[PDB]
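Engineer: Chain residues, written in single-letter form:
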Amino acid sequence: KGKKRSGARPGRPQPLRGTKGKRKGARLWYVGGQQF
Amino acid sequence: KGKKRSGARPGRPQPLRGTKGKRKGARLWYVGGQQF
Amino acid sequence: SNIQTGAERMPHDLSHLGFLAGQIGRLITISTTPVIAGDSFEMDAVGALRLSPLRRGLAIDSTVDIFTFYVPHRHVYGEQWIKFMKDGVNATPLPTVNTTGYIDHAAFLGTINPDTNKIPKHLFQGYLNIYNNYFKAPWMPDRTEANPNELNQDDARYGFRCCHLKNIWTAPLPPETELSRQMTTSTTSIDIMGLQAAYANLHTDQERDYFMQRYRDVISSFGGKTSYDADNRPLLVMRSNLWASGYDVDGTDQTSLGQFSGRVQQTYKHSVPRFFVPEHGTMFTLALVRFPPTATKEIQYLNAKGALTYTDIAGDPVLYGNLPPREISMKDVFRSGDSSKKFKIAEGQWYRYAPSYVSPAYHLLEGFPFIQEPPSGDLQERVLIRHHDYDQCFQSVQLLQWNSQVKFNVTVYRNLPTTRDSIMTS
Amino acid sequence: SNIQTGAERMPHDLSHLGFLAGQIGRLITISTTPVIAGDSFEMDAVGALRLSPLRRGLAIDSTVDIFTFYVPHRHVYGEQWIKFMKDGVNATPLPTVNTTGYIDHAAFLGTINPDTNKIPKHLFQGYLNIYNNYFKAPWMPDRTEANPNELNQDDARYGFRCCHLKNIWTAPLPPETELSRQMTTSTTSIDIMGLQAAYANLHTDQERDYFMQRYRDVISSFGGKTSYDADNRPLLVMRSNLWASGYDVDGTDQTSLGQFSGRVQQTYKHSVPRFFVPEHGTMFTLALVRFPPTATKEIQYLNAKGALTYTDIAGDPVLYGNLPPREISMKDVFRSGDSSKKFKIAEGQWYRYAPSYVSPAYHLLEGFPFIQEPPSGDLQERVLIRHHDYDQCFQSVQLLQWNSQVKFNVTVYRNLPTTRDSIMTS
DNA sequence: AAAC
DNA sequence: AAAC
DNA sequence: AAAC
DNA sequence: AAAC
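Protein chains in written order, with the deposited numbering: chain 3, 2 to 37; chain 3', 2 to 37; chain 1, 1 to 426; chain 1', 1 to 426. A prime marks a further copy of an entry chain.
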């Protein structure tokens, strides 16, 4: 259960850079080979 | 949650001696005074 | 006026004696203590367990199980209870279930039947919940009676029948275990990929059949957990198990010199460590006395089912590790077994188990707690213990098959005012 | 065939971007992740919170609350879910609630409305449970709609209205608080002992009124505890609170030199520590943006209710500590207060609270998030925030009153086979 | 009489 | 439920 | 191609 | 729910 709040992240906003988590794992896409 | 069983109380049975717990507390009966 | 708004939690001595008696495979309530939200409960049951006098000397110890469960009232009155607590003082009084007009017809709940014939529904319902979640075979249907008055005199007076200790015959695979599984194929091709899938689904079936018939088990399988509130199950606080014993009494008159009577006195102690009661409920303590299921006529499967095939005698691991459950009859393992009574066994089970042997000289000899004829009936009638199978074992007495004299030392750390705060207006 | 019967738990990256927008006092879903029994969940939401451009420079920071709740499916489908899990593969598929035909009519659940117009009932129901257990005032009735299509376009698109931050007027005692209590007495005697009792019962009433309207609270009062399963409440896993700020933009052309526009950019971070999911459910994350309830016309109670009596001005502790709740009107604390709109306040409340002062020069000045006229309506309409009270504060834009761009870093330690275990027949 |  |  |  |  919930508690301390913290959006008080002192900083100027940064443009969203990348929708891929923090820790990844196994492979997810199979397309027949490499695709850039 | 339940567990180890123990009626294995090695001993010859003893006649029940007294229906009053182990640890008592405050007074329960009020009859007007002392009564033996 | 100013009133006595608080109370300080202090130890409450709710100790009491218990003079008990029951039948052999029936679950009976021996003590119940109503608990309030926030109290701490602890108990030390110490007494003696006695069997009725037996007809000859001791031959086999019986096993005894004592259980303490907690059943929150919410669990029993549901929504109605919630509302009662909220409504407070003017809540509508709680429902009361109906009993049969007899002094022992509520005995299964460890109580004398009030003259009015009704008891608090939580007392009756809690018992059913306890039975249905830990004592019936997973695959039998729940006990769903609305009032104690729907019960026979043996269920009402002695408690419900429990299952025997596991056997090849006493613990067969669940009734509906499938022995085969079809995959509807096309006429001159099979889909290699559908087949694969077919197997994945059966797997899932098979597991629910053998180990997960209960919702709580299906979740553990996922590696999750489920609270007792999640499926409304009584919480098992403590359980003690023991073997009761005693000694033989030597007769010494002209005619009974060479004769003995086994006296089973067993001192036992059931201790429930402190327990925090999260919400108002009853604390149920029950006893179950049972004997190992020794039948006087069980045969070794390989010795009683005809000619032996390679599959039955060789112990070939590739075979046993790969074929369907084997359907067998009561006749493959018993001398007067009903060939019409079937059961599903694991292949190779006969190499994982050994029945006890009772020489035929003991067959109808009274004084041995042996099952004399093989249980006849549906799977359910054969796994549920039948107390009459033990009648010819004991001397006939008014205290049934077992009796106990216990001292329930119970301390509750509750918070209600003092008996005098209570009788003093100011 | 032999199949891929197991899986080994490994980290699953379920991270995703979030492009959000909402109104001022409405609770909106900004992210949802469906969880499986036994997985471990962790999230790091890091983004920026922006308000629509405002008409003048910054004057007051708004406060932001981000919440993450867990709602087990059992909680939503009850019995039906239990049976589904047990039935397994051939379980009947789960019920689906109905939405209104518009792209934003399911937006309150942080989702685009599918063309079919239906969504999983757990998504809609979970939201209602969250609202009814933590956001409505305890005394308002639960939100009980069967399908999202029963909602207005503002509830459906922007989320449900939340209450204002507590005030004398914003947080009055519950509507039905009794201001008196009769004890039916006899004509020329009163029972000294019944009177005593009378007081004990009111006590019990009074507590349920003021602090225990919810069953879970009544139990804590006893010093017991109740699981989230006991009353079916969504479990609050984490909560972050913050003040959003920014900077003013100086105009520099001939006509707008001396003029400013407040730019609120607030970097925030919502972190949910690892969480073990005991049973399958959804993890809901919602946002609520609010301003302190500053009205441009609130008066100090003593300055606006006539002639001052000894009871109102002296601060006599024996008086305040002993008389019933005081019923007041919207007119005792507001310049255009409806004298017909009453509310019950604690005696002496005016000495425990101080309203903010807004000089009359600011009354209809656009660009300040002040409430311009006193809320008119029943108690419920006055405590629930009305987003239009803030319309004249901002420049008119397509992204409502606040918008956020976040990166939901979410890791789930789940146990399902690999994407290829999955696409390989063998 | 587990008592201001 | 002596479990990938 | 998070592979006996 | 700044609680005998």
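Calculated directly from the structure, the hints in this document are not laboratory data. We put the CB at the ideal spot given by N, CA and C, even for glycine. You may find that some hints are simply not true.
Heads up, simulated DSS-like pairs for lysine-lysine below, C-alpha to C-alpha not over 30 angstroms straight-line [claimed, not checked]:
id, chain 1, residue 1, chain 2, residue 2
1, 1', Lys331, 1', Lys341
2, 1', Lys297, 1', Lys166
3, 1, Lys344, 1, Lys297
4, 1, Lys166, 1', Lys344
5, 3, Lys4, 1, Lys86
6, 3, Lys2, 1', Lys225
Per label pair, the in silico range of CB-to-CB distance [said to hold, decoys possible]:
id, chain 1, residue 1, chain 2, residue 2, range
7, 1, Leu17, 3', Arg13, 15 to 25 angstroms
8, 1', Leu302, 1, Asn2, 50 to 60 angstroms
9, 1, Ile3, 1', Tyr351, 44 to 54 angstroms
Engineer: Holds or violated: 50 to 60 angstroms for the Cβ distance of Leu302 (chain 1') and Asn2 (chain 1)?
Structural biologist: With Cβ atoms ~30 angstroms apart, the hint is violated.
Engineer: Is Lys2 (chain 3) close enough to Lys225 (chain 1'), meaning Cα to Cα at most 30 angstroms?
Structural biologist: Holds, because 15 angstroms separates the two Cα atoms, which is no more than 30 angstroms.
Engineer: Quickly compare the C-alpha distance for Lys344 (chain 1) and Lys297 (chain 1) to 30 angstroms and report which way the hint goes.
Structural biologist: holds (20 angstroms)
Engineer: Could you tell me whether the CB distance from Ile3 (chain 1) to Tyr351 (chain 1') stays inside 44 to 54 angstroms?
Structural biologist: This hint is violated: roughly 27 angstroms between Cβ atoms.
Engineer: Would you mind confirming whether the straight-line C-alpha gap from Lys331 (chain 1') to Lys341 (chain 1') stays at or under 30 angstroms?
Structural biologist: Given pair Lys331 (chain 1'), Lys341 (chain 1') holds - Cα atoms ~8 angstroms apart, limit 30 angstroms.
Engineer: Quickly compare the C-alpha distance for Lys297 (chain 1') and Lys166 (chain 1') to 30 angstroms and report which way the hint goes.
Structural biologist: Holds, at about 17 angstroms.
Engineer: Decide if the proposed pair is consistent with the structure: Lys166 (chain 1) and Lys344 (chain 1'), CA atoms, cutoff 30 angstroms inclusive.
Structural biologist: Not OK: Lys166 (chain 1) and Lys344 (chain 1') at ~68 angstroms, beyond 30 angstroms, violated.
Engineer: That 15 to 25 angstroms hint for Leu17 (chain 1) and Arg13 (chain 3') (C-beta), does it hold up?
Structural biologist: holds (19 angstroms)
Engineer: Taking only the CA atoms, is the gap from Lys4 (chain 3) to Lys86 (chain 1) under or equal to 30 angstroms?
Structural biologist: holds (28 angstroms)
Hints 4, 8, 9 from the earlier list are contradicted by this structure; the remaining hints agree with it.
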